[PDB]
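Encoded as structure tokens, the following chain is the form solved without the partner chain, with no partner shown.
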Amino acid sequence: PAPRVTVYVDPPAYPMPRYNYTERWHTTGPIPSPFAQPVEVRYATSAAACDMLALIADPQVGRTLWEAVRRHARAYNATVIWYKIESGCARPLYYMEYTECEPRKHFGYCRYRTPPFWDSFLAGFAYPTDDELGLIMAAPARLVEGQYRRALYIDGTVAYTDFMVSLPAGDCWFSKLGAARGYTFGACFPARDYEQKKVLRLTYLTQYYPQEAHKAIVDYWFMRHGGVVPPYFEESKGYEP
């Protein structure tokens, strides 16, 4: 019978970033609709309730930057958005804008970034993978089950991936079941609100730590309750009969 206790650990790490960039603060904008061949679907589940969950689908961004270098492109730009898809509506989860990026280097080497805009509930237990293209969730509560949509924009061109998240082991004893005032994900918006430009990022989401520190803060909380961070997160499975 495995104990359910806090454990000693070092404070959250302060990693050195990959590179120096200018952070663009206090920007807003309408988040594009997530709706409308069809979308590549993947599946993510956890064998144990206090496991880490990954949402991983290599989007082949390496090739599309290689394509741009072959056309002598001087730069590229990018936007990464996550949503929770429900009946009729979508919750915005994550927004991140990369501008003036170098295509000869690996994705993300950009002269300008916004901070990542996060849903407040989600940011307490989840952070982007190291390549900033997937998500890691640290022992999510069962209420996290659902359909998560990733939208990758390169040079204005979007590509979508869905993740069907299934959590049959239930809550973990230390899962975060709410943020302040018990709030869970933020408001679900229907397609029309997105189209009419009402889902302003600075209004519904909050600017947050870059991936290195974000991973460090959550990993610390996760580890202090006994969790082990895996050394690798494999690609999420597709549909299998």
Contents of the next structure:
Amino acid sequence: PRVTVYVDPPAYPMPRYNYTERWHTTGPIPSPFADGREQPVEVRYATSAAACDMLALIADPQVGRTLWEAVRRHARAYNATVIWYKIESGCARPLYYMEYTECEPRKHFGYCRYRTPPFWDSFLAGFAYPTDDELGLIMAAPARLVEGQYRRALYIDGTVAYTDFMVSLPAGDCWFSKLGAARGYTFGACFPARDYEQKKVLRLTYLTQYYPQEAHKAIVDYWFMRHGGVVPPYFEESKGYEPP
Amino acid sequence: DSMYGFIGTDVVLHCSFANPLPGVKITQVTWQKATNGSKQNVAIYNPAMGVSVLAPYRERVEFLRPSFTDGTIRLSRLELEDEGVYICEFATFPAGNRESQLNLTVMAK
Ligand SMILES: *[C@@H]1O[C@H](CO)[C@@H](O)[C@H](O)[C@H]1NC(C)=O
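Here we have the form solved without the partner chain; I need the corresponding form solved in complex with the partner chain.
Every component of the complex follows; first up is the chain already shown.
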């Protein structure tokens, strides 16, 4: 603690591959709540040993098998959607929405002719970004108020799979953690299940179209390391059991 | 900053980026209205991809001189419910977003 340091500015990275980006689209974000009859959604645990660490929410969803199954059905293309939510008592805040259309099942996930820009909760996007495979999240020195329950919803070729991550931050705020603007404003609003069901949670109305993953990663890493953060070269999978 | 306007009137919400830092790339401008507080987008200007106005504002909001550094809008035919905090946000790279606020108060006549 407690000083900024100099870091080479990152170049704006080019897109990894050739696609068309669909701007200013909207649509109702679906409810993250499943019928109580169904088995519990899988739970993983994410925590930091130190307040200025990066923290990953990673759970391999075996998306290659889903795509191998489309190839054996001789499917030409598949669609996918990736959504994240913060789950609170009776309500959920939408955090992230990314839509992939006309994708090649014989390639790795996300080789798609069209993409939206990723839709974000502005506040989360200030210190967090998708993993390289775009199926997990990395958080850079999150504030303690980030603690809670994070639900990933994967819509992939019609399948839908949920994963919950319990984020715990016992080491407290990092001295440079982002705490929000005034007063006090951090996450966008928590909506009841009914609001999702009634198609009120329009993504263009409540989230921000933002930079693709590699450019998003470059912004947050730049900010993180200017405050002395070190980016680990890898993250391990989030674990299925509670921390000590 | 605070503004006042009577119902039925038109009003001009100012938003400009100065002085753009050297080496800072600007990507889009966005107006948001804050409730209690739970922001909703009002209008988006992306120089590369164009403008988008969100319901309920879709005929009542227009960018006057939209550009990388100007997001000034005219909010037309004011209603009581238009009262509140309005936030103008520039998305920039590599340095992140830059904002400004203004309290708007709508009056009875
Ligand atoms: C993907 O979505 C488009 C509309 O967005 C639809 O017309 C098309 O049938 C979908 N393709 C697949 C393989 O689901």
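By rigid core we mean the largest C-alpha set that fits within 1.5 Å across both forms. Residues that one form lacks are left out of the comparison. Numbering follows the first chain given and starts at 1.
Participant: For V9, does the CA position differ by 2 Å or more between these two forms when the superposition is done on the rigid core?
Facilitator: The answer is no, as the C-alpha of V9 shifts between these two forms by less than 2 Å after core alignment.
Participant: Please say whether, between these two forms, the C-alpha of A47 moves by 2 Å or more once the core is aligned.
Facilitator: After core superposition, the displacement of the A47 C-alpha between these two forms stays below 2 Å, so no.
Participant: Superposing on the rigid core, I want to see if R181 changes position between these two forms - specifically a Cα shift of 2 Å or more.
Facilitator: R181 C-alpha, core-superposed: shift of 2 Å or more.
Participant: Align on the rigid core first, then pass along the CA displacement of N20 between these two forms in angstrom.
Facilitator: Looking at the C-alpha of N20 between these two forms, the offset is 1.1 Å.
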